[PDB]
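One protein chain omitted, others in place.
Residue numbering begins at 1 within each chain, and the chains themselves are lettered A, B, C, D and E in the order written.
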Amino acid sequence: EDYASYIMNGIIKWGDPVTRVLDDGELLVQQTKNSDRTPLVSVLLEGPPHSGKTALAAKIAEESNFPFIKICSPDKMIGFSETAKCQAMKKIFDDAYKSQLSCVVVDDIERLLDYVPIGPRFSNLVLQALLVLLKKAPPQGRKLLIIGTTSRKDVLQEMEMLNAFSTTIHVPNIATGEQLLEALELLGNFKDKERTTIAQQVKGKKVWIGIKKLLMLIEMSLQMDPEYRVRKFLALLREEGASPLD
Amino acid sequence: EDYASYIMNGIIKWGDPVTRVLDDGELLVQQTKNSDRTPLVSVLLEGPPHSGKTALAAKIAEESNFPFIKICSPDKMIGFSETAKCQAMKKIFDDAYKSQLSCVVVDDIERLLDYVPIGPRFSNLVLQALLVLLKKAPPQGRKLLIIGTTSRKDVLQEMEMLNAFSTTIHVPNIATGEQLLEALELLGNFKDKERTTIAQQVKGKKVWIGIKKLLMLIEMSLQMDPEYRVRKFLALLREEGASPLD
Amino acid sequence: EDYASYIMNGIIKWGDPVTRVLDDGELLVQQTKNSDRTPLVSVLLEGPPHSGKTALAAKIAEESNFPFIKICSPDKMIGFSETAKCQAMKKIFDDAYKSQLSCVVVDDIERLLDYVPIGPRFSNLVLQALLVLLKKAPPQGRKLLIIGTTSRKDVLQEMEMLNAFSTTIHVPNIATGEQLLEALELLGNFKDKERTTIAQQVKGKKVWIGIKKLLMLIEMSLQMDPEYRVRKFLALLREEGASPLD
Amino acid sequence: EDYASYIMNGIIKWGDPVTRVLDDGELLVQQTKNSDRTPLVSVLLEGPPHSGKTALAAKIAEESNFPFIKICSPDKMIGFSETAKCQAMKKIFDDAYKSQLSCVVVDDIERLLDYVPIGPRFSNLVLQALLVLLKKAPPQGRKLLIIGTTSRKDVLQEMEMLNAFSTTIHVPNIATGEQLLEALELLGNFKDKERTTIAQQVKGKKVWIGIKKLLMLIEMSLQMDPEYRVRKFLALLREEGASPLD
Amino acid sequence: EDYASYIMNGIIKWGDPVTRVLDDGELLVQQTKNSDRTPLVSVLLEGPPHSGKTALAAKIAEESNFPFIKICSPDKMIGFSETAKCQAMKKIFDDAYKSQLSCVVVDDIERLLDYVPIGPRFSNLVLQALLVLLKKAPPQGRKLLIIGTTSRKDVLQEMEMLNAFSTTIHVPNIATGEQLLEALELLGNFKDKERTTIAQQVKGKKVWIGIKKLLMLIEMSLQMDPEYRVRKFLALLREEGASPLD
Partner (left out) sequence: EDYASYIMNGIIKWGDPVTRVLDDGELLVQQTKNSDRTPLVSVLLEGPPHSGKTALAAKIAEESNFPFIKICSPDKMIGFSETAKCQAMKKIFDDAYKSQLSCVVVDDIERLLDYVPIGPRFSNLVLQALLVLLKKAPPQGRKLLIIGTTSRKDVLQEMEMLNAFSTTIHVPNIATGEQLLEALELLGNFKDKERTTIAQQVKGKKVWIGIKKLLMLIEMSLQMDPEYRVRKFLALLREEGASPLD
């Protein structure tokens, strides 16, 4: 499995939440590996869009060192009918069942389910397939850890899937001026002086931006002349904030 | 039929409800076997998710000692169209009809019917097949006991299926501190001292957790260091409770 | 045609309604046989679930002594598409049209129409086929009596089918303590003493239970020890009553 | 074309409405035959169920003496898909277009359109086919009179079809005690004395029963002993009345 | 192209609106022919049912003298699936694109789109095809004038098609007693004396009848005896009026 594809810009420790996600992930891996009572363990990584769910799921899977690791993604099922998706999924789980210790990542569940809020509309046959697969224990003695990711926990709850996962792990956006500065420093993009200015403008204030989104705002800001990079970054950050009124 | 698959962690007598379910199940088995008036008997085991419905249904079926016993599960029908499911079901009942005394378990009815609350949506052709099969007597002189399971009695009622079953048996979650401790003791997971602490924290208080869910919380708690296992268990139990406001 | 299959436990005269149903049925048979003005006569037997509609329809058909008698049932059309059901129905009526005097029973119309209250949903193509067949006179000079059965008169009315039948015959549940005792006596299940006790508990009081449902409650009660059979029967009857508030 | 099939019990002159329907029908036939301006004329016979629409349409068509006369009925299209019905209809009109003077009866439009009030549901492809055919003039110089029938004028109006017909002719139920007695006398069913009694009970009072329905009530009443025939007829008439409150 | 088929009863100048429609049509033809900036021009002729939209569209197209003129009509697509209609349309436009100067009439858009107000229902694939075709310029240097007709401008607006047309031309019903008399005179149907009477009854009063509908009322009135023709005409006109309350 190619993780570089799912962890294109590493896993930077911008804040304690990152460590929490990884540590809780390892606990589930350990449980899956050593428990006879629960040979099947499932966890849903959920949070706001762009918070870093897919990369963290891939990282947890990578760190498991399991003999079988497979990531189920919407990427190679574009245009697939409900039945075709179900068959592709059954194939992945069937292969996993042949391993003594396996990890399957079901990435971007709302996309796998062809979900759209207007209606709403979605592929029920695929939803039903997942509900069954999430509860199906591998052959006696074999173990499986299923890691799902979503930016729509609310929808999955309404679909009664949230109750199918053993547990869920929240993957929050960067939420404080300090976490933001930590991310910038670890990413090493602005000049020492520019970060001091940014810190002056954000420290103490609340922020709400996903790590993936932060990468984009940084690159956009860097296209500006040196004198305007910080101004541009702060303006973009101002537009990518959380609605005070919702 | 492989029951070990459906009764992976035994049938522990955590409380009187367990005995009630099994005893009422045996009465229905006896009626099916000895009655000429009602050669067809059906019962719906229903309760909250994870309360132990499938395992108990499998146990009732196993204890019947009937020459023909078959469990109809969503597991091998993932991605199946409505028609395909109906044919798979007709096959099972047709085989049952060839036996003088048979028991068919129709497990996880909401999943067999591809039910989802959003809409709602479901496979009506499959619902109709079940409504007919639940009322169809085997060839004259032959007997059949149908045992269905569901975590959604309300939905089946609205579908007018609840009225198709001869009777229903409630499979409750563990509901008292005493039943909880009994389960823990029978499962033998915590140290004698740890259970005393748990008893101190739960005795007298109300609880509402399904046996299957309890197994998961236990295993999660055991991944903690010895000094933190009880704290973790109680915290998880606190999150898996019933909403006081609904 | 096998009536034993549709009249598994006879036709007991538990009350005057039974005689009324049969007498009105014979009048329609006579009209169909002797009228030149109305060579096509249709009647809908309707009532609460389990009231005995199918058995009575089969009995009316049997007593007609017509050269052609066929019962159209959902039993052999499980999983059938709308088109497949329509073709199966057309076949039955086409065969009937070849006879000078025929009777076709269209049993469990809500099931033939794949009806479910959620939505609601149903097979309109099948509904339309029935609406046409109910009004189609056999070849000139030939006669046909169509007997339909349903537990959902309200739904058929809304579908404008009720207006397609020549008339309807109500098949009520047992409604008085006296009719209940008459049924028990004719079925001869309890000891002379046990019926006196039951009579003491129900006489004068209102009841509302279908004959088919009564058979089931009796058999369930008989699985109890002799000393507890009556207590069990009365408890079950108490649960199978009509809602005072609806 | 077999009219005997569509006019099984003649066309009795029970009241002035019958003459009106036939006279207006002949005027349309005359217009279709002699007009160069309107080579295509369409008329919708509409009224309550059982009022005699189909028989009158067939009679108007028969009296036209047109070289081409065809009745399009739901009878031979049971189970037909929308496309199949459209093709069957196109065939009839295509044949009509080959005649210099033709009459096509489109009978029971609500049934041809697979209409049901629940939803509602209907075959839009068939509706669209009719909307186009109702407005399509035959080849230059050729003439066509289209006669449709329905018991649901309201629905056709909502479908914007009512506006596609050149005009409509109301086919009312028998509405007065005098028209009722006239029908009975012309049908010659009761004894001279029995009609005097009926007249005594209905004269001056309002009635609302379709001629086809009247035929059925008469036959049902005749199955009674001589002394009870009138009582039965009046009781049935009492149940087949119009709701004072709707 | 056969215009006689679409202009069966000529184009009479009953009022100024007729001249306006034709003059505005010619301006669009001229623009299409001489403009390099707008090689693609589209216009929607819209008005009440029977106002004469199709005939006027055909007339505008005929007067263009364009080397390629094609009328797309629902007439030869009865029973066609959405895909089949789209292909038929693509064929017409593809042929038009091969001409240096073309005119395509898309007649009765609501019928091409299988529109019905109940639901509503319509063929979205066909709507989408039209939305694209209405905005697609012919190969560089080639010109195309698209003329659509509809009696449902409101619906097309809601479908966002009205915004796809370059402009729209209103085709009103005859709206004044004077325009009505002008039409009658040009059609030359009543006796000189009869028109004086009609004028006496309508002059000064408002009217609202489509030219096509007027043709029908005239022919119906002519089927009456000479003494009753005017009375009949006025009575029919009275029924074909506009609702004062809507």
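The rule we apply is simple: contacts are C-beta pairs under 8 Å (C-beta built on N, C-alpha and C of every residue); 3 or more make two chains touch, one makes a residue touch a chain.
Summary of contacts with the chain left out: across A:81, A:157 or A:196, the touching residue is A:81. Of E:10, E:120, E:204 or E:241, it is E:120 that touches the chain left out of the display.
In the full complex, chain A touches the hidden chain at residues 4-5, 8-9, 49, 74-75, 78-79, 81, 111, 114, 116-118, 121, 215-216, 218-220, 222-223. Contact between chain E and the absent chain runs through residues 27, 30-31, 35, 37-38, 82-83, 86-87, 89-90, 120, 122, 124-125, 127-129, 131-133, 136-137, 140, 158-160, 163, 166-167.
Heads up, the rule we're going with is that only the chains that are shown with their structure count from here on.
Separating the CA-averaged centres of chain A and chain B is a span of 33 Å. Chain A and chain D, compared by their mean Cα positions, are separated by 67 Å.
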